[PDB]
Amino acid sequence: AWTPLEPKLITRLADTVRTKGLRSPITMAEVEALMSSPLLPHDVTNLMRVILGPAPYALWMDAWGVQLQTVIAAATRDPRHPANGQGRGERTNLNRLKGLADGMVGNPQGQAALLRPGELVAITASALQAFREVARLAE
Amino acid sequence: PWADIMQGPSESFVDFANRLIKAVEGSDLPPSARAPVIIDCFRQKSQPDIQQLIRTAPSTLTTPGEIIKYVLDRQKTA
Amino acid sequence: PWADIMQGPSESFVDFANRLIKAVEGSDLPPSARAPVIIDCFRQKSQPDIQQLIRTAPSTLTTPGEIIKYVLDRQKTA
Amino acid sequence: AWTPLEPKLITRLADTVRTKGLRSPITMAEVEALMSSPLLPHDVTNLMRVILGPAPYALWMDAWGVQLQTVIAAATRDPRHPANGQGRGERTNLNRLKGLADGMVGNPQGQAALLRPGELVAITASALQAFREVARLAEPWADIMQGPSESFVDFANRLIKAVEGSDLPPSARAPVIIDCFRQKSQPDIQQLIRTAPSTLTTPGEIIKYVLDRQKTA
Amino acid sequence: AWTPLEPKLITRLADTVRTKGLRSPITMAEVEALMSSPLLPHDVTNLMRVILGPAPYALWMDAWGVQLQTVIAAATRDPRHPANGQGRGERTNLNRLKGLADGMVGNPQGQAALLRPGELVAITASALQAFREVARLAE
Amino acid sequence: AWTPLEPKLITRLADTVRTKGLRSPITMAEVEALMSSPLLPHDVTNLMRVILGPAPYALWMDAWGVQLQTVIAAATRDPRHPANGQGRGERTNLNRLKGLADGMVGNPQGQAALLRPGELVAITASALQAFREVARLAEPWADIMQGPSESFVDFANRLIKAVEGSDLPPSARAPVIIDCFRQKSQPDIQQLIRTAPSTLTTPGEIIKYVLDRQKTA
Amino acid sequence: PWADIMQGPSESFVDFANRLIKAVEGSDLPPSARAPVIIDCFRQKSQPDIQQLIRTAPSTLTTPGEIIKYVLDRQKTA
Amino acid sequence: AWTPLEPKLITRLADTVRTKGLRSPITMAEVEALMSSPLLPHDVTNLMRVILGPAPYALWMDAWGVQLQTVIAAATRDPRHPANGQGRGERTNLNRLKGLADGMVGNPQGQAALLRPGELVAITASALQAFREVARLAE
Amino acid sequence: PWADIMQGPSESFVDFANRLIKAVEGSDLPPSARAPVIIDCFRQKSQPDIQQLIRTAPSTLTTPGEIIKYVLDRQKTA
Amino acid sequence: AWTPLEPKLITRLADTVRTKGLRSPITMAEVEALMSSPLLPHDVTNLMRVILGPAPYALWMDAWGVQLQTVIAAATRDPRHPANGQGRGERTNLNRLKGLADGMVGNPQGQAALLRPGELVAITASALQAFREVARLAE
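Chains as they are written, first to last, in PDB author numbering: chain J, 10 to 148; chain I, 152 to 229; chain A, 152 to 229; chain E, 10 to 148, 152 to 229; chain F, 10 to 148; chain B, 10 to 148, 152 to 229; chain D, 152 to 229; chain C, 10 to 148; chain G, 152 to 229; chain H, 10 to 148.
Simulated from the structure, these hints should not be mistaken for laboratory data. Here a beta-carbon is modelled for each residue, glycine too, at the ideal position from N, C-alpha and C. Only true hints are included.
Below, in silico cross-link-like pairs of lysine to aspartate or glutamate (EDC-like), each with a Cα-Cα straight-line distance of 16 Å or less:
| id | chain 1 | residue 1 | chain 2 | residue 2 |
| --- | --- | --- | --- | --- |
| 1 | E | 220 | F | 142 |
| 2 | B | 29 | C | 24 |
| 3 | E | 196 | B | 155 |
| 4 | B | 220 | C | 148 |
| 5 | B | 17 | C | 15 |
| 6 | B | 220 | C | 142 |
| 7 | G | 227 | H | 148 |
So the derived label-pair ranges between C-beta atoms look like this:
| id | chain 1 | residue 1 | chain 2 | residue 2 | range |
| --- | --- | --- | --- | --- | --- |
| 8 | A | 154 | B | 179 | 32 to 40 Å |
| 9 | J | 58 | I | 162 | 18 to 26 Å |
| 10 | D | 224 | E | 87 | 31 to 39 Å |
| 11 | F | 30 | E | 20 | 25 to 33 Å |
| 12 | B | 155 | G | 173 | 52 to 60 Å |
Looking from chain C toward chain B, a few residues come up when the C-beta cut is under 8 Å (computed):
| id | residue |
| --- | --- |
| 13 | 13 |
| 14 | 14 |
| 15 | 15 |
| 16 | 16 |
| 17 | 20 |
| 18 | 23 |
| 19 | 59 |
| 20 | 64 |
| 21 | 71 |
| 22 | 146 |
Working from the sequences, and respecting the hints, build out all of it.
Rendered as structure tokens:
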């Protein structure tokens with residue numbers, strides 16, 4: 010069952026990003042805090058939509074896609090990925106990682122249903138690395 | 152109005168990009184016409200130093216995020 | 152001292168690169184830290200004409216040899 | 010059956026050659042137009058007599074003879090020439106090409122009777138090449157500088173004109189035009205081309221770059 | 010059989026380009042008029058040699074080459090090009106499009122012999138787009 | 010068994026590069042001399058480390074890598090490379106060419122053990138081409157004029173030097189040198205070349221003619 | 152009159168050749184006597200610079216067209 | 010196997026040519042000395058590039074070509090040339106003499122592989138005669 | 152003495168040729184060595200105008216009579 | 010039987026050539042006079058040796074050879090030459106015309122023996138034309 014993040018925590022994090030900036034160690038610590046439980050693509054996408062401005066959000070979408078593509082290359086380079094399965098029918102496509110696959114587009118409940126925990130942690134680590142890249146790039 | 156947005160002589164590029172993307176996405180354009188308009192406004196606005204910086208791009212930039220990343224990399228620190 | 156090396160107003164770029172690479176390789180840095188330091192010293196030293204020449208590089212230069220080749224190609228003949 | 014070319018077209022072509030000259034691309038296009046159907050030696054000879062002056066006509070007769078001789082050497086080097094035949098009795102002599110053979114001297118009807126279509130097209134191509142040679146001969153790139161007040165498109169036009177209308181091989185024009193853009197074209201544009209973050213490997217690309225980043229004045 | 014364009018029409022078009030410029034709608038209409046029948050590379054090349062100055066002609070050669078290269082990329086991306094054939098032996102090289110192939114260099118008759126109608130219309134559309142680019146660039 | 014190059018020869022070559030430069034024909038001849046026997050990656054790497062400065066050494070490492078990559082592309086394009094073998098297990102990776110493979114890093118003896126003679130000659134030719142590129146890069153023909161007081165042999169020397177040490181293709185140097193003799197080389201020699209009863213089709217012939225008929229002064 | 156035609160001090164050579172060939176072909180000479188007369192008039196008229204240029208011809212010129220080509224090649228550009 | 014000439018001898022010969030000139034009997038003796046073993050086209054070409062200035066080098070290239078052409082005329086006038094063979098497949102073209110043939114351009118090892126000793130001695134004698142001509146011509 | 156014969160500054164060429172052929176044929180040379188000597192004396196004597204006239208001969212002159220004919224044809228009338 | 014020309018007439022003709030020159034109509038008339046009877050190659054050769062200087066004599070030898078070669082070309086182009094015969098064994102070689110054939114070298118008696126009257130008149134006309142050429146060339 011999907012539970013959304015508190016809008017109070019999200020508002021506090023957005024104001025933190027607004028006053029301290031993207032690169033301060035306190036901001037990265039707060040992001041790591043709100044990045045503790047494995048989030049669904051819907052959660053991370055809406056979170057970055059709210060806390061980041063338009064141009065940093067575009068940059069972050071780009072960087073997140075690139076990092077997820079590196080993850081999928083490593084996944085096709087190793088059939089023992091915690092997102093993959095043993096047979097070929099469990100291979101994870103980027104539509105399933107970005108939340109674009111069938112039964113997931115716009116629906117967080119179905120998303121949480123079909124996604125694997127390894128998928129969730131890989132998406133989360135990818136999003137964190139992308140946030141780091143964009144923060145280092147913006148300023 | 153998006154078509155009246157210019158990058159000021161003293162304004163940074165991320166502020167200009169934020170303002171432009173805001174005004175373009177919060178307008179009456181169809182959703183499928185925002186990215187090309189944002190790109191072509193980056194190219195024709197964004198005072199001639201950044202205009203020439205985008206023009207002389209050895210790679211082809213086909214997304215506002217890629218243009219923003221390229222300009223932020225190769226911008227004249229000042 | 153490598154961190155005190157500047158490209159003189161009248162000095163050519165190959166002499167500056169020779170002096171800098173000499174002082175960086177004949178110093179107390181680890182072997183795995185010489186190339187990034189040489190690159191970042193090319194970018195911040197090497198008086199602002201060459202600084203802007205390296206900044207506006209449509210390609211990403213990730214090696215001192217590549218930076219030297221690029222600068223030697225596009226340098227202002229004078 | 011032989012049909013003469015219209016004297017109206019010939020008069021228009023003669024006035025074109027008179028005003029534009031021998032080497033203009035419009036003149037060469039007009040000549041190619043009036044050189045569309047395979048002409049008999051009589052037709053081409055009278056055409057060049059009318060459109061060309063006396064001295065260019067002498068030069069053209071010389072060049073046409075030389076080109077026809079090269080054609081006849083290639084013909085004796087290959088018995089499968091569209092002007093030749095399979096047996097030795099169809100070998101084509103220069104008297105038959107220049108219209109000097111028996112039954113052809115001064116008579117265009119007999120000419121059209123005995124001549125082959127391959128003969129006609131070979132004569133026509135030879136005459137066209139001879140016209141090109143004489144035009145290039147009848148009327152210096154390394155002395156061209158961009159004046160202090162001259163714009164860059166005028167300088168580029170003048171330089172490309174003088175380089176393409178010269179004695180260089182076709183495969184040596186682009187590098188020469190580039191290296192002349194770089195060393196001529198007074199030091200402001202020289203430094204503008206030198207500090208090009210991209211590598212420009214074509215005169216068109218150099219022209220586009222310079223027109224973009226030029227100092228508006 | 011190859012028939013050349015009238016030098017009278019070409020002279021009128023050249024004077025139109027000389028007085029009105031490259032970008033006027035009347036000039037583009039006149040070019041579209043003289044671009045009605047599919048032209049051989051020889052025809053378009055001589056036409057642009059006559060109507061355009063030296064520097065616009067260089068620019069136009071560049072642009073025409075680029076557009077023809079895009080066409081050849083689309084052709085290798087689809088074996089059903091009206092310039093291509095079904096087998097691999099009918100694949101169209103840029104030497105055949107620019108008129109540089111064997112049996113075509115300098116000879117318009119042989120050109121008209123070996124060229125396809127799809128080849129002709131593709132060359133013509135490419136030349137028109139290149140003219141538009143150069144006209145937008147010159148002024 | 011690996012034998013090192015003499016440090017005496019290397020010291021002499023280093024001083025040659027120091028005094029004559031990288032591009033002199035004597036320096037290239039000396040490099041060809043010390044590039045006679047097929048060298049191991051260790052040998053060539055240390056040789057270029059000693060004879061070249063830091064920045065030319067960086068440039069040379071870049072160029073050597075690029076040329077070796079072209080070689081490996083040709084090798085994967087032909088399974089009959091003298092460095093390759095017949096089966097897929099003998100395919101040569103760039104780690105084996107640059108000396109980075111297993112059992113070779115820092116050890117010249119093991120290097121000489123595992124390397125093939127075809128590998129050695131390919132590495133050597135690649136290094137020579139890279140040296141040529143860097144030498145041409147480390148150190152304008154269309155701006156050369158014959159001074160009012162300068163002799164003609166000095167002008168010809170300067171012009172041929174600047175034309176051959178430039179970015180032109182090899183097949184475009186002679187026509188450019190001729191056409192620069194004709195348009196530069198102040199109008200007395202210009203008219204002397206123009207009024208040549210014979211056709212001069214080579215820079216040497218033009219130089220001989222001008223030296224014969226020049227105005228002694 | 153063909154025998155009164157001289158190349159003026161300022162006249163070019165192609166104009167002189169045109170005028171001379173016109174006056175010789177539009178005259179009372181037989182057809183078989185025009186080429187030798189045109190050649191010998193090129194040699195004796197055509198002011199002494201071109202006279203010496205034709206005289207010192209390493210090849211033998213036996214046609215008005217060949218003489219015109221040779222002179223146009225080796226003429227003093229001025 | 011190809012062995013290059015010593016750059017020390019070449020430097021000494023270059024300084025000899027620089028001080029004594031091209032025509033002194035000591036210079037011709039030194040050239041005959043360094044012209045003792047049959048040289049490959051690469052060797053003689055680089056030697057003349059180093060010891061001669063630019064204009065004498067152009068003159069020498071011309072003269073060497075002319076002398077090699079005379080040699081090839083004598084070779085087609087006699088099938089028993091030490092450079093030729095008995096059959097027609099061993100006839101020696103100027104591309105093989107000037108080092109321009111296939112497998113020889115820029116590569117001295119392949120040059121030494123395919124060349125005949127008669128070819129080498131003919132090239133060497135031709136180069137010596139060309140040097141004599143240019144020396145007699147320069148001063 | 153044949154090897155001391157020079158063409159004077161004011162002397163014509165036929166007189167010089169007569170004098171030279173006389174002195175060469177009335178000397179101690181073998182009969183098979185007179186023609187080459189006469190040719191090589193025409194080339195090196197015969198003051199530099201005629202020297203250059205013989206040098207720039209598009210054809211190869213291999214006989215004293217042919218050289219005399221060529222020089223008489225293309226000589227500078229004065 | 011061979012009879013030599015009078016040295017008195019030859020001396021008078023030589024002085025005529027010395028005072029009037031080679032091209033005067035009186036000189037050509039005198040030469041035509043002494044060219045009346047068909048002369049043997051010996052006679053014409055000695056006559057031109059005496060009346061002409063060294064350089065005109067060289068020119069005349071050249072021109073005489075060329076004209077005799079034209080005559081021999083016309084002779085091989087027509088087997089009915091008054092110098093030729095009907096069979097192939099009477100074909101006249103240039104050694105027989107110039108007096109170089111066997112039994113003729115230096116001997117005027119044998120010359121007069123073996124030569125034909127057509128041969129004599131052809132040699133004489135050739136020598137006259139050569140004299141005209143050289144006279145037109147000398148001045």
